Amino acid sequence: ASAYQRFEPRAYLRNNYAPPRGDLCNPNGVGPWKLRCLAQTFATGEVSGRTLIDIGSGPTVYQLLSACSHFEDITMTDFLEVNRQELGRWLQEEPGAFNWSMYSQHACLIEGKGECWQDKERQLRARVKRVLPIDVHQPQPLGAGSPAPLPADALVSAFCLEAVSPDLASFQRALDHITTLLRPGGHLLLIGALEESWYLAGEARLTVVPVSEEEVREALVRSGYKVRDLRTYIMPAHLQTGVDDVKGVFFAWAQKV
């Protein structure tokens, strides 16, 4: 995990959220696919509550665009200070914030409620109460006296576990860990890379545990979830860019029983 110390947010954002992976115009892309999964899931209106925690936010907010309308208290987290600062910069509309507006626009497009994207960002920025540091390896990943309401009504995590875990069993424990933050009967929306083993974030070179839909399902089960949905996106050639070796992307809607 010392590799994460060379991790550059601006390089990561650039690699994954700027064209081509960042062009949202093509519906068959990975960005539109991620957003649709979240939109659809929340649109069921079975995922709901007062509080929600985003595990391993990094420098990104997209994972919460659809979510923000169903939970009034939203908590974001990451391991690195540089990311929290990068989040802050966008939350407070500071100088040099990253432009998520294409993503805001698309979420509004997908949820199809005629909402304008400034209302969407406005609601998100507002509903996010705190940005916290976090380590999923710790059995209490948020420490002892966290400003975060526990247990949360729901959890969201994208591209975290498989990226901070050396192997399957490690990945499994990380899940066990964060699962403890989730109220019984609550919800988890997990996104991650499939059969990925490395990706770059500037000068840093992160090791990833290559997982599969089957491994991922089984791990959610082991952690005590009822899997409600598990969808797979296969990474198209034109989005294989030399920033990683991701083969596909998985999305899971799991419920703590």
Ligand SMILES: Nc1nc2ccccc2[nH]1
Contents of the next structure:
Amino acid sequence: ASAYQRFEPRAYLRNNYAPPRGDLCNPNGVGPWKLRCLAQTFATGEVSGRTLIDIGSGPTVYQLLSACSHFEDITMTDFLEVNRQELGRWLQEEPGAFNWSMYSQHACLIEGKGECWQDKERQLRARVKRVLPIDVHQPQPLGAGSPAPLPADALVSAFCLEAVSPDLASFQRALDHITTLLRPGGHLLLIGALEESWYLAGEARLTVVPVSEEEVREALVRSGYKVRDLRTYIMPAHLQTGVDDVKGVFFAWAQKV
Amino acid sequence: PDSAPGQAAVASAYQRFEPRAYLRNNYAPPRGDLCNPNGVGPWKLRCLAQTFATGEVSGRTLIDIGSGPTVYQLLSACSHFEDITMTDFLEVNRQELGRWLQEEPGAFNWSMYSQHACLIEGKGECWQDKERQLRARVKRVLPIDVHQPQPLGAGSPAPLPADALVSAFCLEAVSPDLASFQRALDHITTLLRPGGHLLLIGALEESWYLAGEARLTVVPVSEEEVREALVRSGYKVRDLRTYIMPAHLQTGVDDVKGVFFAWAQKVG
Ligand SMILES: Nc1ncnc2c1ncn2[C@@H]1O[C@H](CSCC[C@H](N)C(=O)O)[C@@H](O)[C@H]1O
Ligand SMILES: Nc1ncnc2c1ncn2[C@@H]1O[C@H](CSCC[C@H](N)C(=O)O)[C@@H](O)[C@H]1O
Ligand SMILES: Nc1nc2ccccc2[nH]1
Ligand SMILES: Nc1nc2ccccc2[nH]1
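Switch from the form deposited without the named molecule to the form solved in complex with the named molecule and print that structure.
What follows is the whole complex; the chain from before opens it.
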């Protein structure tokens, strides 16, 4: 884990959410695919409630753009203080915040409600109530007496579990840990890297457990979920850049039973 | 009656027209705020998008009459016409358009309008691609005077006759009275092929507006006067809608009471 102490948010953001990966004009790219998975899932109207927790948010907000209109109380989390600060800069509109507006605009485009991207960002900022430390390796990831309303009605988590677990067994336990935060009958939207073993974040070099779609499906089942949806995006050559060795991205919609 | 004097008054007044002040007055918040679906900006873009979505308005060439320094009126049009001519009476406006065509930082930022057009067109198009296509399809920017029998002049570069005309907030803003407005419509109608389409946007019951130091005179027209002018010029009126300006959009930049949108097809 000590590897994460060198994690640089700006390098991470540049590596994954600036062009080419962060170019949203091409409908066949990874960004549009991710936003589409999230928007379509929420458009079913089956993922609803009052409170939601985003697990391992890092310095990003794209994962909550479609979610925020369905949950009035949102908790964002990360293991690193520098990531929580980076989030704070965007949430508070402070100087030097990352520019997420391309993602916000595309979410509005995809959702098709004629919403301006400014209203969308306003709603997300308003509904994110708190940003908390978290460690998915702990039986109680949020600790003993957290300000977060528990259990949550829904969880979101993108590119975290596989990125912090040495092997499949560790991946499984981490999922078990965060699953305790979710109310029975609640929903988990999980996004992650397929068959990845490393990625870079400035001076940090992070180890990743390479997982397959079937392995993800089986882990969700073992954690007591019914898998409602599980899709794969295969990474095209033009998005394989040397910041990592990712082969694909998965999206899972799972419901706790 | 004699038209020269009134037209000289107009030409003189426009020598003080300031494009930047005009842009700010009309295409920046609150009027340029596109978030409220009940606002005038979204209404205009909607009228244009819905008209082009019928598929009924297409062809090869289009002429925008009295573009001024604005491009919003062509955002939905540009996907249907490979050759677009923009025009204005004033060099300073043509220069403004030039800055935007060159994608210069000093140019007015139309991205809020571009994004909204992509939003309502519903094709998942990114605004950068929309702006790139408009820039590619603008083939020329020319002087124009709608008061001349040949508004573009003799032997113009523009492909004539055009398959379609667009014109926003021009005719009523440059005509001393209704008689002049009618003649101006007659003049630009010579530029359009029989069976071609005109999309006309304009101010209802307006008598003045500001563009910096310049306070410009406008002929107050009603919806029925607009409809009759179109019939008189030889159009079938396919659509004529009215937007009533809410009080919070009456900002002291003008005395406009409403905005009209007309879709008309030249008989022939
Ligand atoms: N033990 C732990 N428990 C929970 N999160 C951790 C963790 N160790 C590292 N992390 C966080 O896991 C994140 C992986 S990067 C993914 C960030 C963001 N959700 C995205 O979609 O881009 C980093 O922000 C890292 O700080
Ligand atoms: N005699 C004339 N013939 C054609 N256009 C004229 C004219 N006299 C002034 N104009 C132009 O009429 C425009 C009115 S302002 C409207 C500009 C733009 N089409 C819009 O939608 O915001 C100005 O650009 C002005 O320069
Ligand atoms: N952490 C992370 N974010 C990504 C976005 C697109 C493709 C691969 C990615 N890995
Ligand atoms: N020239 C001009 N542009 C306008 C935009 C909205 C309402 C009135 C307007 N008059």
